[PDB]
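Take these sequences, add in the hints, and give me the full structure.
Listed here are the chains, written in short residue letters.
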Amino acid sequence: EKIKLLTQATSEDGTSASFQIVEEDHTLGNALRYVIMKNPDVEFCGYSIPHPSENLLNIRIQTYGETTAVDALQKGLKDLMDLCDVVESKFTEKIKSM
Amino acid sequence: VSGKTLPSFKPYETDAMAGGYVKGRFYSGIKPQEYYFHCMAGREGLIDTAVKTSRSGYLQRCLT
Amino acid sequence: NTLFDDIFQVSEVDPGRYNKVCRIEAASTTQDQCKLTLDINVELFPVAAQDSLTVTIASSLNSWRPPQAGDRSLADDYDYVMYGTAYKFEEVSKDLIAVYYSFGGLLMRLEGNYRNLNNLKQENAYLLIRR
Amino acid sequence: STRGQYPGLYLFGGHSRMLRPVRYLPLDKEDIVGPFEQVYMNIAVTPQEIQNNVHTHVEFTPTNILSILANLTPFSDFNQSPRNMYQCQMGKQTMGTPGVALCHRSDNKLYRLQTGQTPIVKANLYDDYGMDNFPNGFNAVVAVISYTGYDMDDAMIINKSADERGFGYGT
Amino acid sequence: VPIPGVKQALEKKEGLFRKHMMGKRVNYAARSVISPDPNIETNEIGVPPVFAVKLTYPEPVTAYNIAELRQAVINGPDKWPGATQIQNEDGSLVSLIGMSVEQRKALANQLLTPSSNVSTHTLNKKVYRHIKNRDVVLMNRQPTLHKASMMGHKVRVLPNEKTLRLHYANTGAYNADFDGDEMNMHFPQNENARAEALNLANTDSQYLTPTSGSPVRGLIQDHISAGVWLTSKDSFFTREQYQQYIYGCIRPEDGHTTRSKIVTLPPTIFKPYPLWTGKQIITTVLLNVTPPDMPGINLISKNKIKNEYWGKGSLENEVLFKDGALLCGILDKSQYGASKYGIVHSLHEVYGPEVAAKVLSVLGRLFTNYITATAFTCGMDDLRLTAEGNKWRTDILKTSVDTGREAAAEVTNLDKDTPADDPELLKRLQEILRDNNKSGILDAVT
Amino acid sequence: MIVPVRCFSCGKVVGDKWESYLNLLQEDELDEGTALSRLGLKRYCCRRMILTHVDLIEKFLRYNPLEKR
Amino acid sequence: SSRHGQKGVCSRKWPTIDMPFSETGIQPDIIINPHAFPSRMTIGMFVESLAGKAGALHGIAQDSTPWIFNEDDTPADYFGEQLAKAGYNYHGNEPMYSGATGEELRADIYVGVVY
Amino acid sequence: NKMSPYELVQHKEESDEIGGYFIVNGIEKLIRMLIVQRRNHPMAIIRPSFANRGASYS
Amino acid sequence: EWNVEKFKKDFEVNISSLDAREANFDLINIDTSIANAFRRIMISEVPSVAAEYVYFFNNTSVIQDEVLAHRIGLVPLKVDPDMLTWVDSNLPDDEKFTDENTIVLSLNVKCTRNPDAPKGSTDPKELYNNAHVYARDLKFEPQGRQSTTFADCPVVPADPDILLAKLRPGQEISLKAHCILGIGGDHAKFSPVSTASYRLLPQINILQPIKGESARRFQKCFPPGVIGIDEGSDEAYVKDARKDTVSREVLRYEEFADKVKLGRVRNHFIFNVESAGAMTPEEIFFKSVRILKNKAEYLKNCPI
RNA sequence: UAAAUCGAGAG
Ligand SMILES: [Zn+2]
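First to last, the sequence lines map onto chains A, B, C, D, E, F, G, H and I. All letters in the first sequence, in the order written, are residues 45 to 142 by full-length UniProt numbering. All letters in the second sequence, in the order written, are residues 961 to 1024 by full-length UniProt numbering. All letters in the third sequence, in the order written, are residues 3 to 64, 78 to 146 by full-length UniProt numbering. All letters in the fourth sequence, in the order written, are residues 632 to 802 by full-length UniProt numbering. All letters in the fifth sequence, in the order written, are residues 451 to 896 by full-length UniProt numbering. All letters in the sixth sequence, in the order written, are residues 1 to 69 by full-length UniProt numbering. All letters in the seventh sequence, in the order written, are residues 918 to 1032 by full-length UniProt numbering. All letters in the eighth sequence, in the order written, are residues 173 to 230 by full-length UniProt numbering. All letters in the ninth sequence, in the order written, are residues 30 to 333 by full-length UniProt numbering.
Simulated from the structure, these hints should not be mistaken for lab results. You may find that some hints are simply not true.
[Unchecked claim] Listing some non-contacts, in silico: residues in chain F with all C-beta distances to chain H over 12 Å:
| no. | residue |
| --- | --- |
| 1 | 18 |
| 2 | 19 |
| 3 | 27 |
| 4 | 31 |
| 5 | 38 |
| 6 | 39 |
| 7 | 65 |
[As the list claims (entries may be wrong)] In silico negatives: residues of chain G with every beta carbon more than 10 Å from chain D:
| no. | residue |
| --- | --- |
| 8 | 959 |
| 9 | 965 |
| 10 | 978 |
| 11 | 998 |
| 12 | 1004 |
[What the hints assert, rightly or not] As a list, the in silico EDC-like pairs of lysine to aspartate or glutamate whose alpha-carbon atoms are at most 16 Å apart:
| no. | chain 1 | residue 1 | chain 2 | residue 2 |
| --- | --- | --- | --- | --- |
| 13 | I | 37 | A | 132 |
| 14 | I | 205 | I | 81 |
| 15 | E | 762 | C | 27 |
| 16 | G | 930 | D | 794 |
| 17 | E | 604 | E | 627 |
| 18 | F | 42 | F | 32 |
| 19 | A | 140 | I | 312 |
| 20 | A | 140 | I | 166 |
| 21 | C | 37 | C | 27 |
| 22 | I | 107 | I | 166 |
| 23 | H | 201 | D | 738 |
| 24 | A | 119 | I | 259 |
| 25 | F | 42 | I | 51 |
| 26 | C | 109 | C | 126 |
Just so you know, even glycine gets a beta-carbon here, dropped at the ideal spot from N, CA and C.
Below, the structure written as structure tokens:
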């Protein structure tokens, strides 16, 4: 129950969906939103905090077809991981020099 | 009674500032006489604010 | 398909307390009756006084979606493309029609002879600027 | 005077009179004046505003017309007068330092600020009354910004981390 | 001074008619200092956990109810949502306070047990459940000068602090600031008073005051300047910014939108790169909140900022909604806010009150999220004048060195140019001062 | 009362720089700004931590119930 | 409250990562809306913020007894020159970044030190 | 009365303790200064209530 | 078509300095979303160690127990956070703390008057013994196997001169502090970074040549190592834009009001990380990027 | 468990 699909927003086709994540803020949400907005198949992506006092985050993902919103979320998570990995590799390489 | 608006103004002085005309602004501050006059105005405003609330409840009570 | 074509000489550019947009007054070089005022963001398409602009109003470019590789449009032949709605028509006098377009809040007033502007309707339209 | 106050010379030396120090311009000395004595002579509020043959006194400083609380508000001549009155009202209601002998008191109720600070901006009279012995508030980095949305009418936002570091803690 | 009699116990205020019959003290009511809260639906009240634990409602147990009431009984009196008491058919009031979880499960499993007594066979038990998110509450702030100062709000319970959190739009009717102001929440204990607060005292029904028909609800201070900046001509937003601004306020899982899918608009500028506009943000907000199978709004109105404040040839003073799309003008206090014939007033008149309330909430969230990314500030630079402005001010104020003397000369009937120390002028000024009527015209002419 | 352990605004530890600040002001005839700079307090959020401390605890300490006077 | 009658209750203890942060790395411990000054006219609070930042930067204390300044030597000029001699800008504004989005704000933010 | 601040601290009072207040039942009280008419000065008064002191009263 | 390969080709790190308490480096061609995520994770999410619980046995001093416990919680401990695990809140207070997740500190200081004090002395060091209580007085008591794994690096406050309390004869403080693993988003005492923040690279665009004496005035409006007069011809150029704050003092003069523009390189961040002492800033940034990667991985591996 | 009166405050 870390991340949940909101059935009041998901479509029977599967292209449009809303995900609610517990214990998140504008830290994972902003990065994930940008990284998945890099996806050419994604039409609409956004993140919203219902209330600041609750550790709940929402991501809305709607595609152009040919790809579900869950697949878009997976691609965004993998791309964010790879982005962090390359910044880690660059930092480690630069530490050795100076 | 002497005709002075303030100790620092000569009796019956024909000046706008003597009568309470503040040429200063809150950006550059106001002179002590202007400060005193503005304090008079603010105190009168607070007195009116206090006395206005007490002066209206009975009308609404009687009407209601 | 195209609904209006012309070339305009820009007379003045007044910033008007805006850091990105400007209001452009331009007079057509072919017909003396055709004048145009137009709000354009000069951060992207900068203009200056005494500048010749090729202006084209079209009905389409042949929902929206960001372009992919190998996308064919009428926008390729022009530099600055806006999309807007016509909301007002008026008659300056006999044989004079002024049409008002709103591109997301940026106003354009186009005044010209009713026979030159007869192709303009009260509909969505693309405004394309070149040079 | 024509239908004014009853004329005459009166001398008072009794108890309970209200007296304030003005500066007698001849001899450049200190004089003591009272309310009855004051309404007929002219005291210049500052030596730069003295006029010939019409002023006989000046005030040592125009800040001695104010009380302690009215003198302790910074840049008082720039605020609106109701705000100065409100500050004088709310300077007596802070959770500051009542005293240092609290171990031997037995008061019914007491509020104490754990860590007070001296102001960076303060009047010269602040040190004359030893207000440093009784701190009242804290110096705070204050951003005048419309950013949060939770402070519009009169509310304010406090940093959560600053709060957890003792900013404003009390007993 | 003497002992009051029977008459003295009834006659005046603090008697028995005005103090214990027309005005009484009530149960199931809390009082607290309010704090502001966006992210509240402008018809809701944010209640503290303490109030959510103390305040309760008697829900009779039924066949459709045992799913929630059993869990409420299990949760106990100190875990919201929970139950604090059980009323059997005979009237027994079994308290859940001093009981363990196992006893609570035993009691919960015996909620919908049919009665063994014929005298109460028509009755069912009641669970005094905690206040929930589907309950209504009567909010009132003294003095209650007009009826809009006592409304009905849908309860949302918050997890953190002991204040009643209230939306900014409600401050217009309550005349409430957040300067330590306090107010009272009342919990109706039957369905008859529930329906009244949800339909008659409902805060959605209170958009227009009955005094003159003017509205008394709308965004107040930060949102107005936020919308002045956002609906300007300089407001261009990339696709990511546009879509994030739209989803930040029209979340299609809380019922904020109608079409189950956030529909967007083609960008204003196609080349060189796609840019939207703030007026387009307003347009798509309206398009998402406005119900389908219905045309868009058509309004020609004005705002508070003259066209001269936007440069030459600007027409941003005239607001123009056409077919539900903002095409001109700035959204202002006169558009959203307690003001007549604005966009919100028109939406209320055309689409109903619930749509207008939803639009108020959406606009509040939108401007809150725009201000948190594009901040607004005031400083000492805003208060200054140029060198020429100060020169103009000094030159004009120097001409006032003779105003008082000229006014006095006019009142004293001296001709003009008379020196301030003219003995006749001084004599007549002294005469004027001694009179309350002549000095009343001297202080009016000057 | 006593010097705070950390600066409120940022969290930099400044509780180890109060006796040092007093000694810098006392022995070396320094102004407050230079003494604060030498202690490593750059941002004014940290500077007003030690610049404006009153150190009231000393006045508290003279009232000692546990020792005769 | 401040020493200029700007009373108000705390609304939310904003987590420090969500607060705006300046080019120097600091974040304010108090946020007061700019919409409280125009109707109250507490310019003394503005000039006290200016003087407080200047004094904290220079490690000095500025006296604020009324009527020490004139219409010629405005306190804004005095404290602005003090701020400029230390690097910060004349008007007391600072470039800040939103702690949520991470982008720089539209204009410089007025921030100082007040009691 | 004439105790130095050091002696005041030694007797648990305060560094700069000021008087002007009595202690009654452990509660500190003071007697507020009042404003009253100035002494030994006959001031002319035009007061309507004098007419209410009876008939033929100015 | 954005791709991780393109970002890997365009991303570059430019370290300007590196210390044991502060790292000032640069991140180029990265979106402010990722940079702000790194900043927030550094401030709020990378774990550290601080005294969470305090058990008091005697506090006869002039400081109340809650304030003293708060201060003891606010002193940074120089213990590498990797050496201990996380406690369980759902565990009972008996067995919640083990030798693998909690570090025990003890403070037992009793003040007493020094009889050999010099005559006519006012210094509280010559007068009293143990008058001042410092963080270095927090003795570390290794319990269990931590007596061996902490033998190479014993627990000691990062700043030992922190003044915890002041005492007078007869007054004493005896207490224990249990220090556990925690993050800065729970309480500000667990944040390992004294301050983490980036700033956009200032960009000074000279629109028109400022040749001549005015250049000296133009050079005067910036910090010294920013605007330089060209050696060949009297003319200004941007020597180094990292050394100026955005003060816009040049904007206050009508002479240069129309001859310069100030902007930012809005993908070029200068990160200045100042640590508290328990970790080096390079390891703090490494842990931040690792935390973001692990957060994304955990979100990816959870069933929907 | 109560009631007045006085005093101090908040909106
Ligand atoms: Zn700091």
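Query - residue 42(F) paired with residue 51(I) [C-alpha distance capped at 16 Å] - result: holds (13 Å)
Query - Pairwise hint evaluation, residue 794(D) against residue 930(G), where the allowed Cα distance is 16 Å at most - result: holds (8 Å)
Requested in this report: Just double-check residue 998(G) for me: nearest Cβ-Cβ distance to chain D has to come out over 10 Å.
Outcome: holds (16 Å)
Query raised in the report: Under the criterion that the straight-line Cα-Cα distance not exceed 16 Å, is the pair residue 107(I), residue 166(I) satisfied?
Result: holds (14 Å)
Requested in this report: Would you check the hint for residue 119(A) and residue 259(I), treating anything up to 16 Å between C-alpha atoms as holding?
Outcome: Judged against 16 Å, a Cα distance of about 51 Å means the pair is violated.
Report task. Verify the proposed pairing of residue 140(A) with residue 166(I), using a straight-line Cα cut of 16 Å. Result -> Violated - the C-alpha atoms of residue 166(I) and residue 140(A) are around 38 Å apart, more than 16 Å.
Query raised in the report: Non-interface claim for residue 38(F): all C-beta distances to chain H beyond 12 Å?
Result: Residue 38(F) is indeed farther than 12 Å from all Cβ atoms of chain H, at 32 Å.
Query raised in the report: Between residue 37(I) and residue 132(A), does the CA-CA distance stay at or below 16 Å?
Result: It holds: about 11 Å lies between the C-alpha atoms, which stays within 16 Å.
Query raised in the report: Is the straight-line distance between the alpha-carbon of residue 201(H) and that of residue 738(D) 16 Å or less?
Result: holds (12 Å)
Query raised in the report: Can the restraint linking residue 604(E) and residue 627(E) be considered satisfied, given a maximum Cα separation of 16 Å?
Result: violated (21 Å)
Query raised in the report: Taking only the CA atoms, is the gap from residue 42(F) to residue 32(F) under or equal to 16 Å?
Result: The given pair, whose Cα atoms are some 13 Å apart, holds under the 16 Å limit.
Query raised in the report: Is residue 18(F) truly not at the interface, in the sense that its beta carbon sits beyond 12 Å from all beta carbons of chain H?
Result: At roughly 21 Å from the nearest Cβ of chain H, residue 18(F) sits farther out than 12 Å, so the non-interface label holds.
In this structure, the hints that do not hold are numbers 7, 8, 9, 10, 17, 20 and 24, in rising order.
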